[PDB]
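Each chain, written out:
Protein chains: 2
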Amino acid sequence: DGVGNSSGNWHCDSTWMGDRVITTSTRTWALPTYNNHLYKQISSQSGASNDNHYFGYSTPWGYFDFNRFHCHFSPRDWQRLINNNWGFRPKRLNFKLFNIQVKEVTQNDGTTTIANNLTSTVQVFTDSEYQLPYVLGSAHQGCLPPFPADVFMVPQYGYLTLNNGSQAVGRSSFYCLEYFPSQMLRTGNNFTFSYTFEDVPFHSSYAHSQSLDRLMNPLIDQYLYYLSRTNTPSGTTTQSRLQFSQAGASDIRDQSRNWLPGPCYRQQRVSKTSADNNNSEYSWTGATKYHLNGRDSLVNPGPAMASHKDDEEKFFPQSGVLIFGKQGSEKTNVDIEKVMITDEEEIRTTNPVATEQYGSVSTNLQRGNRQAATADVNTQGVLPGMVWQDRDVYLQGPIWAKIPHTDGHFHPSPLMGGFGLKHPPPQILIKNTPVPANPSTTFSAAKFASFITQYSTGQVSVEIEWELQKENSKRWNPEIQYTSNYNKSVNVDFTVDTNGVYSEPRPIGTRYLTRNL
Amino acid sequence: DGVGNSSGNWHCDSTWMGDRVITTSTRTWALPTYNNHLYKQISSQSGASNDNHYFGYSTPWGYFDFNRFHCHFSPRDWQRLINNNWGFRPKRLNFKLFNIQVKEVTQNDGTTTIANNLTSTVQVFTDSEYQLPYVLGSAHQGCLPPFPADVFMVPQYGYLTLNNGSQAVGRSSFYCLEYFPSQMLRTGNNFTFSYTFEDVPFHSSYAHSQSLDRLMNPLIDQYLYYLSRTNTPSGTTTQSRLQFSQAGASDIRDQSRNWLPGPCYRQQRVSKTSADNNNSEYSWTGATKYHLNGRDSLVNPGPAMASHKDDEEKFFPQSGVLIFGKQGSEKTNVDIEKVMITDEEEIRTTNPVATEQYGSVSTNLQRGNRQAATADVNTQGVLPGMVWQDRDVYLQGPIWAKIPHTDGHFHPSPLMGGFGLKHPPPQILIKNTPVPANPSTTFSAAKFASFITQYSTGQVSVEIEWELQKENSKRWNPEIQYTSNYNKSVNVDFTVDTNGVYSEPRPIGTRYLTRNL
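Which chain is which? The protein sequence lines are C and Z, in order.
Using UniProt numbering, you'd call the opening residue of the first sequence number 219 and step up by one each time.
Using UniProt numbering, you'd call the opening residue of the second sequence number 219 and step up by one each time.
Hints may contain errors.
Stated by the list, open to error - To spell it out: a stretch of chain Z is covered by chain C in this simulated footprint if at least three of its residues, at any positions, have a beta carbon under 8 Å from a beta carbon of chain C; those stretches are: (1) 453–462; (2) 546–552; (3) 615–626.
Unchecked claim - Not close to chain Z: a few residues of chain C, all C-beta gaps over 12 Å, as computed: (4) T331; (5) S390; (6) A467; (7) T624; (8) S662.
Read the hints as simulated data drawn from the structure, not as lab findings.
Just so you know, even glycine gets a beta-carbon here, dropped at the ideal spot from N, CA and C.
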């Protein structure tokens, strides 16, 4: 209402009550004019490799992105969550846009001037029928910034469709976003909508205190037998004789078991110590990849697998983990001290190590003159009796992904981590309404190319309720907790420096508490 | 209300429910000051030919024009309409103007500055009594642009009255539009009105799968007789003897029939291949024309006739079809690759080909010493028993025309195509209210010639409900559908390019489905 009344108030806090936590984040955003109000066909450059070809469209619209956990949880909030809860999941969200300001920019005479345009509008619509290509869930920049005092730029919306090389095909779709209905907002108007999450499984924010190969009573023998010797000493040599034993603690690898470890898709191993790696360019040639319509894509991060085995923390899968950048890290070819490499070590209780074989299978039929032969299994699809953990989530990491619209999707938990949703939180798209500049006094049928330079700013609030599954642990000894480091330092972790720059010093997962298998 | 509240929201979409479809289009418009607020007498230049003389008036007003199908239907919407429906017609419309902004322009010191004038008005009125000359329905530029992201200039209103040469006559009428009541709108005011279409016949969006000369059972003979031989061999010569046959499939051209093809007004034939045409200037001398009060007018497109016969797709009538320009085509003397020539081939089942004779009639009375003589019929008025199809409509083409206010009008379907309406959607005229600049401090009776430079912009919505007649076809074999081309291409049809320019690559008619006669 009017011009002198704010359309909303600042809400940032977390409310912990019972099995629920509610997070609220308010930020200040700025929206420019994109593409000078045009839709543009875009494509890969002429010299691009086949694996890098694309075709699509850039739009004049922007969109809002709060699909990272930091956007909602403070570092102290994240600690409170991960130290006390076995699981959590999102329930509902609220979204608000308010305190909208449109401003005119006159760059005349090399001097910039900025004035309020109290009459201009912004257009906002939710894609609640999921009729546009969903580009959230691709881990793009442009989120609400983790620190509440920071002002962020709204990212530009674009999408890809079917390409053959740099060219489109008959099935390529083009979308005009102005062909949707949208709200027009003038200074003093606000925008709200609500969303309910579908029923989704809790994220498992625990590690297992048991391993899948150690589930039996070590004090008692099995009543089942296994083949323990295939020959026996006969005089001066051996002869073929099959012999059988019941497995106890002494031969614990040989016990009959009910379950199998999860599936595998083997990754190459790289060392954080530089001298242990081969002196060669293998970042692509040695990469784990999939092949789709004659194209190779890197499998990154791929299926959830343990980063390393015991005492090998310096090793990680080539493209098998999420890697976050440190504050101020650049885009291209940075050193390893500039990035933060997550560790999925916790899931090695049930999941194969990413850089090892799944196991060994028999390849032949032995006999008197043929010895038994085995082969390493480097790729293992799911088997009946397999169990596994999903990838962990991080404070820096994504929250949800849209499950692709397909006939079949096995265990549709997104591989970068988080909650797979058939109807995710809808895309919220926004743009400044074009305001034409001074027209000619003689009619012209050509479209207007001359506009008044404008941008918008405002406040955005996002409120998410999360359902908690509290830890109820009967173990006697104390557990592992996330804690801040104990010593003195120049800067405090998760703080601003003397220049006002907020930084996140390390990745924080969720799995600190333990449970039995 | 106020200054900080938008007076409306953006509505673009199509709603298909039952036998109805509702289209909504929102666009952004800009309105300049025309004629520096004056009415001006206008006329043809002194050296103009008699056929080109005119007299009339240009006004300071603008008007809104949504009389093209693209203004309402998206290309995908048009496909959905034409592939599934035997007919459609308009039922009612809604029109909105909202988010009005008046702006002052100061061009002082060679520097332009643009500021909001929150106090100035625009004037808007509908001519709902049809008391002004109706210039819609003359296929003028200035429509709402087909692509929703484009901003368009409001065209200037003008009209013609009776002329003798470049001079007026006693019966010439002058109209002051400010002699009508109109709404005055300030920033925060909006304008709405509703309109109901009269009962109008459905457009036939089908082609016929039968021809008017092939309607009989080919297996059975007729019981009627025709004169099949007028002489018979007699000795060494012939003698006059009248003989009669019943017509079957073997002589199917001779069968007695109930109906005649539609009327004709013959056009000259031109080839799309350049070498087949005469090397001469015949675009006017060879043109089909009518003569009104000593003036010649080109007949364009004229009566609905088939563009060509079988296997002659390269031929078209000289002025007998609608010709649309390709994106970026110019005004004067463009090549044939710059224009799109429609094809009315579908109606050759019932309508004469535009470039052929209607038929042959007898011209004399034969006898022993006089042979029978016939003549080609190059112009045929309507006869009892004639049937015909009207011209097709196009996505680029016009929708309605105003039926002229006359004593008699046979089959008042407009010749450029679409719906003839005795009370068409009324003209919506708009202009900026003049705001005088700084006056003298001594009184002067002279009229003000000095004003503040202003223009206006806003949003316009148009919503039309269409009644559908669904295809209910019992044929066994599959039909013809409009489809997008199958192959790869640089650009997609009906899309923007890399520079943001929307284009319409071809004309699309309505007649893909078939029906029996």
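query = Under a C-beta cut-off of less than 8 Å, do 3 or more residues of the stretch 615–626 of chain Z approach chain C closely enough to confirm the stated coverage?
reply = Coverage by chain C is violated for the stretch 615–626 of chain Z (0 residues, Cβ < 8 Å).
key: Coverage claim, chain C over the stretch 453–462 of chain Z, checked by counting residues with Cβ within 8 Å (three needed)   = Contact hint for the stretch 453–462 of chain Z vs chain C: violated, 0 residues under 8 Å.
key: Beyond 12 Å from each Cβ of chain Z, as asserted for C/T331   = C/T331 is in fact no farther than 12 Å from some Cβ atom of chain Z, at 9 Å.
inquiry  = How does the stretch 546–552 of chain Z fare against chain C when you require at least three residues with a CB closer than 8 Å, holds or violated?
reply    = violated (count 0)
ask   = Is the Cβ of C/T624 more than 12 Å away from each Cβ in chain Z?
value = holds, 23 Å
ask   = Is C/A467 truly not at the interface, in the sense that its beta carbon sits beyond 12 Å from all beta carbons of chain Z?
value = holds, 66 Å
key: Cβ separation check - C/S662 to all of chain Z, threshold 12 Å   = At roughly 6 Å from the nearest Cβ of chain Z, C/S662 sits no farther out than 12 Å, so the non-interface label is violated.
Status of C/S390, Cβ more than 12 Å from any chain Z Cβ = Incorrect as stated: the minimum Cβ-Cβ distance to chain Z is 5 Å, not above 12 Å.
When held up to the earlier numbered hints, the structure conflicts with 1, 2, 3, 4, 5 and 8 and fits the remainder.
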